[PDB]
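Visitor: Each chain, letter by letter, is given below.
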Amino acid sequence: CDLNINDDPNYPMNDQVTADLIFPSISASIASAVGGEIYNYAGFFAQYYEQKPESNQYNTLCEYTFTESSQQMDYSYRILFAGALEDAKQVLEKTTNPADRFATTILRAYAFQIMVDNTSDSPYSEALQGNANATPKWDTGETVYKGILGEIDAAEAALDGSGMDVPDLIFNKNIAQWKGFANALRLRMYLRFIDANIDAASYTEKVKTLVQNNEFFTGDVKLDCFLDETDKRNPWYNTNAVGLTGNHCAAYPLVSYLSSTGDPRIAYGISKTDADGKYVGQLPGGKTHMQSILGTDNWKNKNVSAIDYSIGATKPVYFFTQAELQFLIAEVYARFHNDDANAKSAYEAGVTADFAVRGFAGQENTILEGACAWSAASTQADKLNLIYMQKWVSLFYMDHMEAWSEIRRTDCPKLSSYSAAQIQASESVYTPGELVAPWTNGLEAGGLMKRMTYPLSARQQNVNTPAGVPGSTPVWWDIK
Amino acid sequence: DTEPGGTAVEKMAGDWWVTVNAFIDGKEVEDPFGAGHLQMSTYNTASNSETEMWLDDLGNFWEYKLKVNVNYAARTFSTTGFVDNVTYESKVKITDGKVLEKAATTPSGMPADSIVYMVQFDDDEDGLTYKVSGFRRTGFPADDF
Amino acid sequence: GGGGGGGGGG
Amino acid sequence: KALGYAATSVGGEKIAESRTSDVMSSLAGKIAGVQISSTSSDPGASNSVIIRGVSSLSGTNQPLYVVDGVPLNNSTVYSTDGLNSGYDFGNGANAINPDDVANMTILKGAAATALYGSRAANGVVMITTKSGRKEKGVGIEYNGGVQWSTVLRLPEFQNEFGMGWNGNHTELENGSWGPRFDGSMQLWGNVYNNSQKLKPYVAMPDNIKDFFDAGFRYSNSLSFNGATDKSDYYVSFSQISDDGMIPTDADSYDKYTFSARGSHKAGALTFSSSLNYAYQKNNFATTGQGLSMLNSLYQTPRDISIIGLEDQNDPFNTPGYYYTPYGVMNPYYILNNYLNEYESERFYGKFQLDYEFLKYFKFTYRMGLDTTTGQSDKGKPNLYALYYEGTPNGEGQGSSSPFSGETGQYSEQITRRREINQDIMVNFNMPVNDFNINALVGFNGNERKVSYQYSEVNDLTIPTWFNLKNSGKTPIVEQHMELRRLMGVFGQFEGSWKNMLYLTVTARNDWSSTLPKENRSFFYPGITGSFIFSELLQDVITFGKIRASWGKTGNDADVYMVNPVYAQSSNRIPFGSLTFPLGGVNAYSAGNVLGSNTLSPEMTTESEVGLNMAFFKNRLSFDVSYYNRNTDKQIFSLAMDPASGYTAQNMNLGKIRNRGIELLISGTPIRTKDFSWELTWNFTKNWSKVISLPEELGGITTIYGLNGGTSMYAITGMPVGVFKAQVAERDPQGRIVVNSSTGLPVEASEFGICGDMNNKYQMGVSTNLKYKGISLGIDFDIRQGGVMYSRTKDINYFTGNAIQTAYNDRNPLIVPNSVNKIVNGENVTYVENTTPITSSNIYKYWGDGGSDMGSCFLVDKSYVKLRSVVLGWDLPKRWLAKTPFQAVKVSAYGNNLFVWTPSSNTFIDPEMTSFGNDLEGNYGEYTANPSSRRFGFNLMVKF
Amino acid sequence: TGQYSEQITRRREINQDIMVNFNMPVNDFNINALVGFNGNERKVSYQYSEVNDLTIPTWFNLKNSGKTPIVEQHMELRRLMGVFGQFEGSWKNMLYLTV
Ligand SMILES: [Mg+2]
Ligand code: NA
Ligand code: NA
Ligand code: NA
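Protein chains in written order, with the deposited numbering: chain C, 1 to 480; chain E, 4 to 148; chain I, 1 to 10; chain D, 38 to 573, 578 to 984; chain B, 444 to 542.
Hints should not be assumed to be uniformly reliable.
[As the list claims (entries may be wrong)] Calculated cross-link-like contacts (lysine to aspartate or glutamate; reagent style DMTMM-like; alpha-carbon spacing at most 20 Å):
hint	chain 1	residue 1	chain 2	residue 2
1	B	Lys510	C	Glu427
2	C	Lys278	D	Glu432
3	C	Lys146	C	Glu156
4	B	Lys510	D	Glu515
5	D	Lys246	E	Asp4
6	C	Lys146	C	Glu229
7	C	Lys302	D	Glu555
8	C	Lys179	C	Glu229
9	E	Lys134	E	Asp4
10	C	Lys278	C	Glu427
11	D	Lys885	C	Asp199
12	B	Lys486	D	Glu426
13	D	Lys674	D	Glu555
14	C	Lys179	C	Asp199
15	C	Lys94	C	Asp165
16	C	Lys302	C	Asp276
17	C	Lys302	C	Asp274
18	C	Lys300	C	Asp339
19	C	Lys302	D	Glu432
20	C	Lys300	D	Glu208
21	D	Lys510	B	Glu493
22	D	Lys862	C	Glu444
23	E	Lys14	D	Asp850
24	B	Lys510	C	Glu229
25	C	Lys146	C	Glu444
26	C	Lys300	D	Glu432
[Claimed, not checked] Computed list of chain C residues with no C-beta within reach of chain I, every gap over 10 Å:
hint	residue
27	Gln71
28	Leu244
29	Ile311
Quick caveat, the hints were computed from the structure, so don't treat them as lab data. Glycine is no exception: its CB is placed at the ideal position from the N, C-alpha and C atoms.
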């Protein structure tokens, strides 16, 4: 009866586990969230899809009737912080290689940036400490952005020239692509400082400097990685097409805009209606009302166009679509460089890139000439509204968590002043493309969703967790 | 056997398919406004009294909604004078209103509950008394209009 | 850390 | 009895008279401070035995079973996902043959445990098996019985409305929210070959009661017995085969045992040995929220005939054309085409060497072995490849079909358990004057091991065939093993004075594998006193006894709770997982449970005092015990803020406390040579209280719960098992708030504490008649208090089948105290509500829990039950005489015969769970199969 | 590139004999007969799982590999029943004839 046997034999000896073995986890775990349930709810808040008539599940999301206790992002706060960010911290006390630390640090900065855009506060300076601080203060958003944007800056400066010794399922050890990611993160974050009107002098010239050097990434920044088997699929397809049945159907704003602009991408991700063959979004929060107003046999699944999961089984998780990177560049031209010809290039550049990804290459014209041409945009604010409404289409079925942040910053699509029930009544008062406030709205203050709840597991365990605020409290960089 | 329960005035609440006649010159006039069958609702009050119930045309006739008084045992309901309309600041007067169990017949040919009540509006510039009367909605679409 | 139910159809 | 803590001894005859497959279920309500519940009425399932409440926050609270007197393996085999694939296959002690039990003795205190080690902290169930004779004549006892079961309690259904949603009519609904019953001919279900079934729109109340058959079960027992003045021999074989009331063979339990036990004295030296083999094959009609059999049965309109859905030449019942596509399948199909099998071979037994020497001494060596193999084979068809294209269930349902992506799965797991235990003792027993010293000093060594191999295969090529090669996609493979070891040394001193004052002093010290190297050792003493007065004219007081005992009992951790591990990288996402390797890369993640090498041994301190008296020649008798049980420094994987990098941390909890009163009354109001009438009243009142959980990790920790739903916890100031659910908002005083526009209640800011799990008090009464050779026994089991989650109530509310949902004759209504909240900026103002819940939205008012909202589905745990009824006719010896019988006793019995429950509960027999037979099972019932009403016969033939 | 594998085999035989024996001397003869029934059931099964190209080069464990695993499963079951009889003849402990 030897007793020294308490080393768990279902796991490797700890000294045998090194960075290259840990590092692949971060990418994937971060993508379990941003691409998984986070993306899933964010897709409602930015009004791409709605709850299918004949099923319940996402009722509380579409209808903004959820509370802090509904744990709508508890599974993801656990992944970003107890997998992703610890594994980050483990890699960082295991490798001395700069180019890996840079890759790790960026992915570290990404998690925080996702946590922030969801709860505008996030543990940071005290998190990822063990028993020595089980209850970390929730640093402020502006604090956290400034910190990670200064982690990226500090890690870049320490590069020396060596390559990566690490499995890179994202860029395959291509340093030059990581610096693009990092510079596009900077571009993304700088623009929010500007429109939150914080230090907006520097961040305007910093962005002016960023786009001038055009040292961004090529292609899309993705985890191309999933097979259609089991435990291996796209997080969103796993959750909503295998674990559950089909809960998603298309929203009224996305189907209007796409159908008003003649856009052929309406057939990518969406399906015609099983009944008349037309494209039919559902009004946000409108599942039960439409069922009261029309019949019961008149608002079943077959009367609203469902979302298509066909394309999703192996569809990757996107961290920064190029189409978005062009749609941020065009914005920086039309409003901080006064350079209508570059902005036009980038604006056309985005739409070009998206039409490639959806398998519609060579149809970039259909909107770049009709309705959505840059010439039809007379006002140097109409142009913005063309950039912005197209970044929104750019992100449909690509990076929903972003689209919702980009809706909150730029506040485009504009919120329609008509109510859901008004629009359902006389559809002609609807400027197509505008978000409709949910029909059943559980926000006392009405309006659109602006932030996730804090995570219930932080509520219960971390006494320093900021106290709750309604869905309608804005995020630290959303100031209108 | 478990008694399901009910609001204090349950047997007189419900959705209804009604038609609106008018008494013009002592002779009843079948559907003057050319309204067709309209939907309306009766439901208990927040006070859960067995003495007042709401009466709601759901905006398909004159756009009215007022608390009537209620005699549950008799299955009748009526106002005392003109009462505040809640839909749009008006006044309404309900008279000789009843709810008659399984007395009616549906479009499909099945029994159902007749409702009948006389009504007047303080801004009916004709000064007319109307006769609302329908039956309780089944839910079968064949019994719809 | 918890467990998901699903709703049904109707 | 020199025992100075509570205890209770039950005769083999009373154990096996009830004729249950199982040694404990018949003692369900019959022993104070011993809470005995069965997990369900599925054949073969686990049984729960908790004594003086839950001391172990997770998750071990059975008592140490001890057969001869060797620790017996009591492990349990049930599903790690009770929500989607729920099944329960056995308890360790289900193997023991009740016809081989001679005496049970349930030690309840945790103060004199040195003999039986640390696991005793939860009580000890000392079993002692039959032995030798001589006796007329040859030694054979034969028991062969036959029993049926019948459904006991179904939910109270409603028969006012039929198929539909929003209140309108519908041909395809999985629920009953439709028009009022006309009797008018209407359509239902899918269209096949341009035809459709058309039937009177009438209710059918029995349509579920009619689904079920009567389970049957046959039993056969045999024993061979004999002895000499120096030896004894018992050889036995039991056999059971059960096919429960769910239709098909899907609810199956087969039990076989074979045991040979013998002793022999030459000396001085005695040597004995028990060896036993136990087989079982189970099949479980799985529960869950998916395409399972029950959840598919409740989701049936009140007008639909369930016994007509069975024939499969009626194309309207084949998976493609079944009347409803809403996450539901034909029940008859689910039972007929799914697989969930468990088989088990067990060997356990003992060797014992007793050698007496030097007048006063006895040396005893005792080795026990208990080793098990068990094999699960679950599988499900490729529903998709077989039925998707073409059928309207089908292509016609698009992304939402029940068949996606049900592409078929098959797994297989082989589990191996082994524990060897060694006892080496030397007793001492001498009488001086009127004193009597007995001491015992011993050594105990214990080693326990479990390991299992798992392989799963998805997306089956040949759709029906369940084999680890019928697949084109990568297989999944898992492998685990655990090893713990414990040595210890113990002394027990028995003092005595002229059969009047008994004093006991135990002390043990263990060294455990599962505690950090630097702190392996923990010591626990115990002191027990027993004072019989009585011994101090009146033949009125037969017996009197006053009891006191103060003792401790330490414990160790579960395995591998000190070192941090790295796991193979996998992330849990809602209803899925994204597990490495991908693609072609493998990877490891830092384990999410922080370890700790600062742990210290768990410690349980108990304070107990009792009184026992008997009067009038044992015709009135009462025993009372009061106990104060603390359990400090229990190692637990306490929850923690994930932002810290970990999801929990292993540390030493605070005190979990059980105080209470254990009281038994029994009297014989009648006695003749030809008729006796006994009564018995036992009463248990326990107070459970988590005293503190380490401050720095917050106050609370979850024990079980849904994500954003009803979840049961363990909070600092409260009992073990405080629920929280979504309660409805209420204004500054009244006053259900509802939505201005729908009418429906409005969730509050936080969940609300909605009860604990614990019965406030439990009690039981029993009567026993005898008239010449006739026996009659009756027992009732009373528990009142507590609360449990019930998806049974949940799905019959969602579906509109439960009686409660015809509330307002389903006419529009205003929630009778409703109030809208008027918020502008930070101005809050409340107004009488004016918006009704419409007809179209009645379905949702109940779907979410009424005005209770979610918390509506915590059901009143309380019930009263007709536990058992046992009629036994011992044939009089003169009858037979020309026959080879030494005795015949025809017997007729019933179990779980009737349940009574408090009004609010018209849904379940509260004795249910889908989460196992220990603490987490207290969370509730997740559409577990209905409980059942068992009754039958049994014949005894002694030869 | 490394390999680890694990197989769990399970075997089980049940044999059953049910006999009756007859032993009567007559004069100097001796007649011993035996009539019986045999029952035999033999089953074997295994579950094998193998894993190649080990990630942590030394540790042996089905979760230690970035490549697909291999999985094998097997079972045989045969049963037999027979009836038999053995006759034993004897003459003053000198002749011994058996059939
Ligand atoms: Mg981790
Ligand atoms: Na904004
Ligand atoms: Na059965
Ligand atoms: Na009623």
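Visitor: Determine for every hint whether it applies to the structure shown.
Guide: Now the hints, each set against the structure:
no.: 1; hint: B/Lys510 with C/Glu427; verdict: violated (56 Å)
no.: 2; hint: C/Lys278 with D/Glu432; verdict: holds (19 Å)
no.: 3; hint: C/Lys146 with C/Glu156; verdict: holds (16 Å)
no.: 4; hint: B/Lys510 with D/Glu515; verdict: holds (14 Å)
no.: 5; hint: D/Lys246 with E/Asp4; verdict: holds (16 Å)
no.: 6; hint: C/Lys146 with C/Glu229; verdict: violated (41 Å)
no.: 7; hint: C/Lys302 with D/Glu555; verdict: violated (68 Å)
no.: 8; hint: C/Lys179 with C/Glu229; verdict: violated (33 Å)
no.: 9; hint: E/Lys134 with E/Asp4; verdict: violated (41 Å)
no.: 10; hint: C/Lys278 with C/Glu427; verdict: holds (16 Å)
no.: 11; hint: D/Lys885 with C/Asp199; verdict: violated (49 Å)
no.: 12; hint: B/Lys486 with D/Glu426; verdict: violated (41 Å)
no.: 13; hint: D/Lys674 with D/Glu555; verdict: holds (17 Å)
no.: 14; hint: C/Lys179 with C/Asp199; verdict: violated (24 Å)
no.: 15; hint: C/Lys94 with C/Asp165; verdict: holds (12 Å)
no.: 16; hint: C/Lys302 with C/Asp276; verdict: holds (9 Å)
no.: 17; hint: C/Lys302 with C/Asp274; verdict: holds (5 Å)
no.: 18; hint: C/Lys300 with C/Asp339; verdict: violated (50 Å)
no.: 19; hint: C/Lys302 with D/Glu432; verdict: holds (12 Å)
no.: 20; hint: C/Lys300 with D/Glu208; verdict: holds (13 Å)
no.: 21; hint: D/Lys510 with B/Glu493; verdict: holds (16 Å)
no.: 22; hint: D/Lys862 with C/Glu444; verdict: holds (9 Å)
no.: 23; hint: E/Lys14 with D/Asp850; verdict: holds (8 Å)
no.: 24; hint: B/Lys510 with C/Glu229; verdict: holds (14 Å)
no.: 25; hint: C/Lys146 with C/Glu444; verdict: violated (33 Å)
no.: 26; hint: C/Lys300 with D/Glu432; verdict: holds (16 Å)
no.: 27; hint: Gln71; verdict: violated (7 Å)
no.: 28; hint: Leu244; verdict: violated (6 Å)
no.: 29; hint: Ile311; verdict: holds (23 Å)
Consistency with the previously given hints fails for numbers 1, 6, 7, 8, 9, 11, 12, 14, 18, 25, 27, 28, ordered from lowest to highest.
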